[PDB]
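Let's start with one chain on its own, the form deposited in one PDB entry, as structure tokens.
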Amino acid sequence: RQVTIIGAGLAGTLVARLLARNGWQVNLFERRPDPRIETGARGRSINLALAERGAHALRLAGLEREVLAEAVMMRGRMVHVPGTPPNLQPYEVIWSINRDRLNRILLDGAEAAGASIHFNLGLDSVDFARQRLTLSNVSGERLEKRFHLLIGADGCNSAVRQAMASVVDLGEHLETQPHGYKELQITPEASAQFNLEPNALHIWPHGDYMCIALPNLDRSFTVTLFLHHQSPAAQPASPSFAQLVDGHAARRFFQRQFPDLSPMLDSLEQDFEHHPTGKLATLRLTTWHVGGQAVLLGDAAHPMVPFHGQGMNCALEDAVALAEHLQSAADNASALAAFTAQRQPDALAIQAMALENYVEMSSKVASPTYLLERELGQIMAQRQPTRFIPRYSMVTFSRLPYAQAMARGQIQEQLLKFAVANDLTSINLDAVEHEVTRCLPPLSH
């Protein structure tokens, strides 16, 4: 009945609330300070896309209305490319939520449910044999604490995950990507001056690099630049973080490549030199738990590239699943095994689907095969909105488990490919629709 959670982020704080109100004694430890303590100057955090499946996880926790109150409705996407004014491409919605706003709400929810939360305390080591762990603060205190069940919700660099290696082989494989990212900020004045639409997701596509911006209720926007770390050996002058040696270089790059975005980025030079360049990676594990003693949740279990906007959504789903299993199972070891069996297939799937979105960020001309496929898929979905559901729509706008969206997507892509092989005018749409009904079962099977 006792549980210790490391990491008061999105997954850890949600699972604290779900367990605490299910009668667990919950202690939650966080390395950062309490964002609920009002200071004189609020810091900036990123805005995240919350999709239907994440919103539904919050509804099960009884916190959806709270979060929605501070979330910006995004009705569609606005693509910005030179030579056209952007116009809204309508989506059904995606909510833009501020990370720290969400976190404060989750924290209040966890505490209201009876969890004890401890801030400014980082997990440094775990001794599984002696079931003790040690927390450290900046005051030099080294706090040794006893634990029964340990939930690692401590993010993509999990200290819990690292500790688990000492006692079990996690079968880790880290796959890195050549793009990094940089977080930047459009202020409310700038967005208003350039009439940036608050109720939309904004994209600046540019072949091998790109910017995406999500809104905040105060009309500021957080912008993410995705760009190669280094210029390719054979394409040595192409843009990369390696060339952008300082803020002035960054400014010249934005001026040249993102002319209409550069004016909105007032602290670009500042932001570029301070904010570290983030890495893109996928980490996969064969095992998420050590018997009944510890389990990994969210980014701690399954780091993924941020290209389908689903990491937080997955983490919130994870929390719901972990608390469901901990209640309905015989013992903790069985719960953790069952949890891993449910969610690890979903995690691998979204990790893969995220990478597939990522690889499209290319200046390579799209193969006419892939183009005809997508165009044919659109037609089929129109004719049988029943069965043929585009995979992105299954992921982003439904609650269908990721593994099942990936499976239906495979059946669908395969059908499209055999149909398109060897322009669309020669393709018999009746023959294709016949194959769609023969090969793709309705959702009710």
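Whichever C-alpha set is largest while still superposing within 1.5 Å between the two forms counts as the rigid core. Numbering follows the first chain given and starts at 1. Compared with the form deposited in another entry:
- For the listed set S363, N157, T176, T286, the sole C-alpha moving 2 Å or more between the two forms on a rigid core superposition is that of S363.
- When the rigid core is held fixed, the Cα atom of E375 travels 2 angstroms or more between the two forms.
- Remark: with the core as the superposition reference, the CA shift of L415 between the two forms reaches 2 Å or more.
- Superposition of the core reveals a Cα shift of less than 2 Å for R65 between the two forms.
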Second form
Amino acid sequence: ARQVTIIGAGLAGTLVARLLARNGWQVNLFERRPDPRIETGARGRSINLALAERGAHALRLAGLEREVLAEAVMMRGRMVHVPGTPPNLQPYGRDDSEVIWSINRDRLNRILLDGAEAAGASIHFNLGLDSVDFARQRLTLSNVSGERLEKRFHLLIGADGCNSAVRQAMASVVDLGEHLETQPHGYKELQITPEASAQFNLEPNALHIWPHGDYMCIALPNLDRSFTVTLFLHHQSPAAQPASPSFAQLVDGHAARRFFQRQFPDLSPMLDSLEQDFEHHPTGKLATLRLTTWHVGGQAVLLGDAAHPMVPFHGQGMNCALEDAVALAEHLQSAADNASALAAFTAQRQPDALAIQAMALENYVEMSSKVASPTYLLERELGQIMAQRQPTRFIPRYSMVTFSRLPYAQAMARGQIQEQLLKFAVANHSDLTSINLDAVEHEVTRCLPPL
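Please supply the corresponding structure for the form deposited in another entry (the preceding block corresponds to the form deposited in one PDB entry).
Only a single chain is listed, so you will not see partners or other molecules.
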């Protein structure tokens, strides 16, 4: 039986543990945090994640989809809150079977942890990876008190998140070619209670967006009708725009309150604990980290956030991580040897990871900026018309990323063709009546092969 050691009992690490263990691998999984299934008196605070078809299919392959969806809120569309107009529901995809699921991250982790153990994996909590000796095939783990433990390993899977200790160890023996692209936006997570969401008739079965240009809020529903709200806002005000909102100008909750009353007037009444949450929850940081290589020979490999930290603006980090896990398990299971498996996995997934990294960054202006420009609405109106005329050729990029399993690289490649096509077609035209619909449809057939 082939052996594997996995660092990080997160989403990708527990899914790949289950997939390999049920295939007969001997799987040991080490996690720095305690087991969240051991109930304590602490008040856990979990965010929700948007689970899309990519992630759902990965869970489906693992035999865990029904259990996860049993605990997920169905989001049938986007509820767009734009000042001046009532909230507008934009249904997802083209049919009523295309939805996104709001799943509590802790609920999901417990389902995955149970699933990995049922398949035969052994999970060891309260043990953080400190170092790896690749030449001697040994690694060093320690608890929170620093007591150290050495283990031999045969195959090392770094599924240990955006601050991967496995990545750090690999960069000591191989040039990973790291390029860190810092993001000027931070985020703050806020909360709407079930009482508040009911009192203001906030729709539970939808994903809510408050676009506002350089900043925005979004909210995802929980089973108990609470919502977790995320504010995206610049860390610092630029010198060019010294009065522009930023976290540095919100020194306390009272400043935050006045800011929300002015810029999010229909949302502020629902944020009962805005002041307390703002000061007691830390401001998160966002970054994109691109690596040229994800593996060291056949000894170690990265996946998930360990391999490709990305901005959350597309709701695809978890979905990509689960897709990564399926691909890595497939390659390891059928390859001639671990070295071939890790090279083939990297060669398959690295261009797709770059794609979703770039599309997630681009999708920020799509949510907050590109909703009030006249050209955008005519392009989307023309994009929907082309999606009906050529449904196997023109699929909007959001639907390809979210509701299909087409490789991220093809989704971005086809999306660029589609975006330029719509851009040229609507240029110097103000109405759909002044646009020739068969000329755009002919370009769809010339430049977009059917799927």
